[PDB]
Amino acid sequence: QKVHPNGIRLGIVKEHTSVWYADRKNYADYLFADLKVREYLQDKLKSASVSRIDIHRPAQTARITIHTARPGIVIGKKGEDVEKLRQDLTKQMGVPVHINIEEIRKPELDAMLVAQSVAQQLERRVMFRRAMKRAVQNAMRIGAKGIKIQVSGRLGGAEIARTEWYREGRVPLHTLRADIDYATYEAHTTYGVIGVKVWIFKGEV
Amino acid sequence: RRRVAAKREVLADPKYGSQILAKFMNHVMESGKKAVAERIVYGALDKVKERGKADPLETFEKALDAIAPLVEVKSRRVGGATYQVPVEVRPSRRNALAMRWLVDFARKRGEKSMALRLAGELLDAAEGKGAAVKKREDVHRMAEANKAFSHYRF
Amino acid sequence: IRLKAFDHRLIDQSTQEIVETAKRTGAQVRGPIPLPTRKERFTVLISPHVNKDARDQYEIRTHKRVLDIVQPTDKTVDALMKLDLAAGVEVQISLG
Amino acid sequence: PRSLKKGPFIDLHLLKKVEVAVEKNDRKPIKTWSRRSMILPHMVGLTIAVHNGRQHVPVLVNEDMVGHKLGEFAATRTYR
Amino acid sequence: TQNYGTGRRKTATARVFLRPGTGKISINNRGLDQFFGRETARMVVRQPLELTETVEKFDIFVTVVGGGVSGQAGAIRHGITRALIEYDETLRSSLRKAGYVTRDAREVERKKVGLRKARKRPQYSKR
Amino acid sequence: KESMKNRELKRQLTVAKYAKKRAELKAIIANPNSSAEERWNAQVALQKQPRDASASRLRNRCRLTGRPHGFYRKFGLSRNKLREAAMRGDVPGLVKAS
RNA sequence: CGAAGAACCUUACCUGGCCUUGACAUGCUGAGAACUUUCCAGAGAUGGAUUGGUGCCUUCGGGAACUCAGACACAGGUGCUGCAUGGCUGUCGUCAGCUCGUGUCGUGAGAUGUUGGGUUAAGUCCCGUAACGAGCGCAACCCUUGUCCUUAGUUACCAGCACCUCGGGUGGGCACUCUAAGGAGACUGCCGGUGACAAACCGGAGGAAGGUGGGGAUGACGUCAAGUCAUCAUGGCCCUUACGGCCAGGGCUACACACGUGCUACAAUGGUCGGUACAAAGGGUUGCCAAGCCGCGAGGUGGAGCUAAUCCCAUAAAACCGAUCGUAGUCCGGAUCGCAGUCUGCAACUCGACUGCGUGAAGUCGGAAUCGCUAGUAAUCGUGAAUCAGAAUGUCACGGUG
Ligand SMILES: [Mg+2]
Ligand SMILES: [Mg+2]
Ligand SMILES: [Mg+2]
Numbered sequence: 003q004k005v006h007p008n009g010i011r012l013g014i015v016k017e018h019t020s021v022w023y024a025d026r027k028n029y030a031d032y033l034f035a036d037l038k039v040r041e042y043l044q045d046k047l048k049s050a051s052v053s054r055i056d057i058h059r060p061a062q063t064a065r066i067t068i069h070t071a072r073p074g075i076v077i078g079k080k081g082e083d084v085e086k087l088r089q090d091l092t093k094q095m096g097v098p099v100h101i102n103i104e105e106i107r108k109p110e111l112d113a114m115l116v117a118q119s120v121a122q123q124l125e126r127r128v129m130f131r132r133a134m135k136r137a138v139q140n141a142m143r144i145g146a147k148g149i150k151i152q153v154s155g156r157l158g159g160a161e162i163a164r165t166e167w168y169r170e171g172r173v174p175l176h177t178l179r180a181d182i183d184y185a186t187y188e189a190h191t192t193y194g195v196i197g198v199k200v201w202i203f204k205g206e207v
Numbered sequence: 003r004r005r006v007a008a009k010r011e012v013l014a015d016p017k018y019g020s021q022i023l024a025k026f027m028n029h030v031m032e033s034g035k036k037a038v039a040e041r042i043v044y045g046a047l048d049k050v051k052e053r054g055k056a057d058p059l060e061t062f063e064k065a066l067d068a069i070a071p072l073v074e075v076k077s078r079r080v081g082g083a084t085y086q087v088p089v090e091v092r093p094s095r096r097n098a099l100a101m102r103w104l105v106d107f108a109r110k111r112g113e114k115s116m117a118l119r120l121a122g123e124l125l126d127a128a129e130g131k132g133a134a135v136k137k138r139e140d141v142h143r144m145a146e147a148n149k150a151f152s153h154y155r156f
Numbered sequence: 008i009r010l011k012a013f014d015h016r017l018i019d020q021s022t023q024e025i026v027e028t029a030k031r032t033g034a035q036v037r038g039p040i041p042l043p044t045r046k047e048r049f050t051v052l053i054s055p056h057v058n059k060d061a062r063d064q065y066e067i068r069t070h071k072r073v074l075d076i077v078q079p080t081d082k083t084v085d086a087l088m089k090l091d092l093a094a095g096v097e098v099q100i101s102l103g
Numbered sequence: 002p003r004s005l006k007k008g009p010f011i012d013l014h015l016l017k018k019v020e021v022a023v024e025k026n027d028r029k030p031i032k033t034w035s036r037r038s039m040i041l042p043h044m045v046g047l048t049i050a051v052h053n054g055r056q057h058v059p060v061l062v063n064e065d066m067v068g069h070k071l072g073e074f075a076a077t078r079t080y081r
Numbered sequence: 004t005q006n007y008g009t010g011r012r013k014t015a016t017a018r019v020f021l022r023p024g025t026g027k028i029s030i031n032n033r034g035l036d037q038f039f040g041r042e043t044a045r046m047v048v049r050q051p052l053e054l055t056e057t058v059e060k061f062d063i064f065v066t067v068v069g070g071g072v073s074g075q076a077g078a079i080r081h082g083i084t085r086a087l088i089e090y091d092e093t094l095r096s097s098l099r100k101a102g103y104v105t106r107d108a109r110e111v112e113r114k115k116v117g118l119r120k121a122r123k124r125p126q127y128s129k130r
Numbered sequence: 003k004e005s006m007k008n009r010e011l012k013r014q015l016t017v018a019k020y021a022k023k024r025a026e027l028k029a030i031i032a033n034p035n036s037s038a039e040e041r042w043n044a045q046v047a048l049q050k051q052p053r054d055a056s057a058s059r060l061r062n063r064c065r066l067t068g069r070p071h072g073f074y075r076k077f078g079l080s081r082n083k084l085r086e087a088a089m090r091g092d093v094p095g096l097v098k099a100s
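Residue numbers (the authors' numbering), protein chains in the order written: chain c, 3 to 207; chain g, 3 to 156; chain j, 8 to 103; chain s, 2 to 81; chain i, 4 to 130; chain n, 3 to 100.
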């Protein structure tokens, strides 16, 4: 039901989050490094929200481009943390590591960034609907032509599994020509786990 | 049930030069064994040529006409009464019924040299004493008994 | 000289980068030669629970490309090898 | 099974406990959990307490048992 | 002289070389009788020649790759059709009516894997 | 379990530890020209070592999840973690196709 | 069916032996570098010797990395809750429907749009109409298959010239085939009739392809409090001298019985013997593992070539040609059992897969009932792969005849 909106469109619409070739003797060795690099990076950068972490492999060393909407927090006083993380990523990934940081101007048009803010809000015991009605509107004032956000979980109930379904604009899903962002960030409340889905729809083609 | 079904045509019998025999060979074939079925069909043909001086194609044509029926019952229920309607057989359908009955009663002949079973069935079909002709006449006699429901309650 | 890569937008665009820079230095280099491309299909199952009728089969390419010199008298291409290789181009030298 | 290129088989602890115990002849049963080892002409007439799975059952070794392994003489399931 | 045609039917690619001659007929450097052994293939390859009654006028040299007996025979028929068209481009109507120039696009339907055949399902016992 | 992930890591460590003496012992055995006397003492070396050194004892599990069943050696993931890691484009060259 | 592999290992279960800050994370105290010890006891866990090494940056004080011992917080739990949940999937169903902004009617739950005529795979479209528009869904956009053009010729090809041992085998050529990137091509586009002449319907030309050319992916709002707390994550409860751990065996493959799926057959459209023809797709420098060679055979030696149009896996089988079998529980059928071996594995008894000899069963087309399939379809015959030390009738993938 509702197959993942990124996997269906890799190519004509979207592209992979890591471009690198390895033989059969190193494919599983590089995948394990690359998958646990993201887990370490996201756990370290809980603040300074991270949306995309692209990993490219040029000739034999590395290449990484961390995306942050607040690059100043990561780059503190001329890369005090950039070099500190460059030193430590080599230990988990033996090849030497390059780090690059870009901006996410208009940060209210990324599914991961919106989901992280929603998860933060719902862990402050904020109303489950007032947060979303304003989160959709703030993202719709500038940029996207359509947004859907689904909030499924306890929602404060005793035995309840209701799902919020607020939508605005046009969000096709069977159109492969479209360009659709997607993210799934969970929230751990004092009781229940609430999952958040986002379908920020940018321009087609 | 929108009418979709088109017509797929198969007409190829080079080593004898016919059209009905290819369709008949398609009925003898099992599991796509066209090469095996072709020599059995020709195997039962050369035996007919050996038996009778006339060309076996005329014997096969006479056999088809002696097994192909004219009318047959059609069990359509009125919704409370099990009736049967004798319906005129379509001109295209009557050849297929004969070609299917012939092989079906040939398989149960119980002789040796399987081509001989079909050769004997074809020889009997030209006279009228064959099991296929008896089955044809049984259905014909049933049709007369069913003639009361030709158009009324049909 | 034979090259190996995985996309036609690097290997077939780097052929000009070698041909122009080698013919500039006097030595005559004929046009490049394509070779047949490898095509490996990887077929795997996609359904988490057993509904096997769902399918997904991939493909990985490996474009090959061969050059041919006429008069070996220039080491500029040997020096300009790091420039020629950009991201995924592997070059095995056969200086004819 | 167990091709003749690598012909015989006997666990090292069982071998050292039986070859030495042949010198001081049979006055006790041999308690051993191993069932994978064959019996040998050097071990004819001994008493082996093969592990059934919850207790050790005695085994009377005869000259006609050399080909078969110990575990064939110990049950696994009852079905009474 | 000589005309070229290419045939394709049931994953069987064939090269057909029409030449003037007396119908020697060579397929993979051996005779037609040595290639197709007592089957409909002998005439089905020969059918387009007799349709336009030019069997004796042309020598035919053939090279085949891929597929089986009937598929390769259909490939040679398609190749001979396309080569004969290229030589005498006026009998397109005659071969169109016979349906020889129409390439048979029926390829083996991919197995819906899990269904035992491309369409055969398990027996579906309802209880 | 986590203790189960732990105990199969030392299996791989022990398998990779010796990695040569067992190969030499098995090469001695496989030679038809080798003497039965040189084979019988070689049997002792294999058996007196701990049994958790052969590749047979090793059970290649999912690297991130540890599920024993549903593993592919062209990746390092389970049957159900591979789909989650692939739909997000982490795996290079892996798409949805027909 | 989770199981894309139960001899141990997987493994949770059972019978024993052995552990208590613990196999693992952080913080505290002390001692040694790490390492290598090739030995003994013991089922192993574990315990005790154990030649030997004394590192590394040094503010020369020591610090860091690892291993051993103590104690606290603790770690751990495949223990319960899927009716507390996240995530993922099945489902009606790839069925064509499901909703919303404004206006109107109705006191109101509502309804209008989304109803009427025609048409359509389709809420796909046309004409009317208190409705005017939009969203989800349908179609198209994506992948694959079928025609043509341009670019370029090695490991691919051999039209012209030589050569030849007559094999493109060799020089050589860049014509072509062949290969694979970039693009055109199909939109009822055009003609006749039908329709309100408006969607659309029926025929025709051309074209490789004709009426969404074929197939695949893509399943709306929701339902079953459907399944999963055992893949993972998590609220709450419980164990924490054991419901947590390590090691041996055994067990999950037991067995009067009934059920689902699958392969063999019961034969003469066939069984054997000896000739002979054509595939696609894929896997291989921790691997494929050739030739010669020894074996009745599974196989043993051997080491080439090989990182792939190069070398191997690799002989496709059904069909076709000649002989015999003469429908006989049999030159059918292979289950069962006895003996003898090869390969993998520390280890083939419970409990593996194959090879050699002998034995030869039930089975003569199968009740009520009941299922899959509309075209390269059903039917039947092969090939190679995923999981994998070994292990397929299931399952992964593509092809012959049809
Ligand atoms: Mg109907
Ligand atoms: Mg409706
Ligand atoms: Mg295997």
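Worth flagging that the hints you see were computed from the coordinates, not collected in a lab. Watch out, some of these pointers could steer you wrong.
Stated by the list, open to error - Label pairs and their calculated CB-CB ranges:
| id | chain 1 | residue 1 | chain 2 | residue 2 | range |
| --- | --- | --- | --- | --- | --- |
| 1 | s | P2 | c | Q3 | 32 to 38 Å |
| 2 | j | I40 | n | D54 | 51 to 57 Å |
| 3 | j | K82 | n | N8 | 34 to 40 Å |
| 4 | g | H153 | i | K123 | 49 to 55 Å |
| 5 | i | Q126 | c | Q3 | 23 to 29 Å |
| 6 | n | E39 | c | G96 | 45 to 51 Å |
| 7 | n | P70 | g | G112 | 26 to 32 Å |
| 8 | c | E105 | j | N58 | 41 to 47 Å |
| 9 | c | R169 | i | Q126 | 40 to 46 Å |
| 10 | c | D31 | n | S37 | 40 to 46 Å |
| 11 | j | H56 | s | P59 | 27 to 33 Å |
| 12 | g | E60 | i | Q126 | 33 to 39 Å |
Claimed, not checked - Here are some of the chain c residues that sit facing chain n, going by a computed Cβ distance under 8 Å:
| id | residue |
| --- | --- |
| 13 | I10 |
| 14 | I14 |
| 15 | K16 |
| 16 | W22 |
| 17 | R26 |
| 18 | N28 |
| 19 | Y29 |
| 20 | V39 |
| 21 | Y42 |
| 22 | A61 |
| 23 | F130 |
The beta-carbon is built from N, C-alpha and C at its ideal position, and this holds for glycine as well.
Status of each hint after checking the structure:
no., hint, verdict
1, s:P2 x c:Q3: 32 to 38 Å, "violated (52 Å)"
2, j:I40 x n:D54: 51 to 57 Å, "holds (55 Å)"
3, j:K82 x n:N8: 34 to 40 Å, "violated (57 Å)"
4, g:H153 x i:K123: 49 to 55 Å, "violated (42 Å)"
5, i:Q126 x c:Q3: 23 to 29 Å, "holds (28 Å)"
6, n:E39 x c:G96: 45 to 51 Å, "holds (47 Å)"
7, n:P70 x g:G112: 26 to 32 Å, "violated (59 Å)"
8, c:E105 x j:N58: 41 to 47 Å, "holds (44 Å)"
9, c:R169 x i:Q126: 40 to 46 Å, "holds (44 Å)"
10, c:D31 x n:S37: 40 to 46 Å, "holds (42 Å)"
11, j:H56 x s:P59: 27 to 33 Å, "violated (51 Å)"
12, g:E60 x i:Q126: 33 to 39 Å, "violated (47 Å)"
13, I10, "holds (5 Å)"
14, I14, "violated (10 Å)"
15, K16, "holds (7 Å)"
16, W22, "holds (6 Å)"
17, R26, "holds (6 Å)"
18, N28, "violated (11 Å)"
19, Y29, "holds (6 Å)"
20, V39, "violated (10 Å)"
21, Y42, "violated (13 Å)"
22, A61, "violated (16 Å)"
23, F130, "violated (26 Å)"
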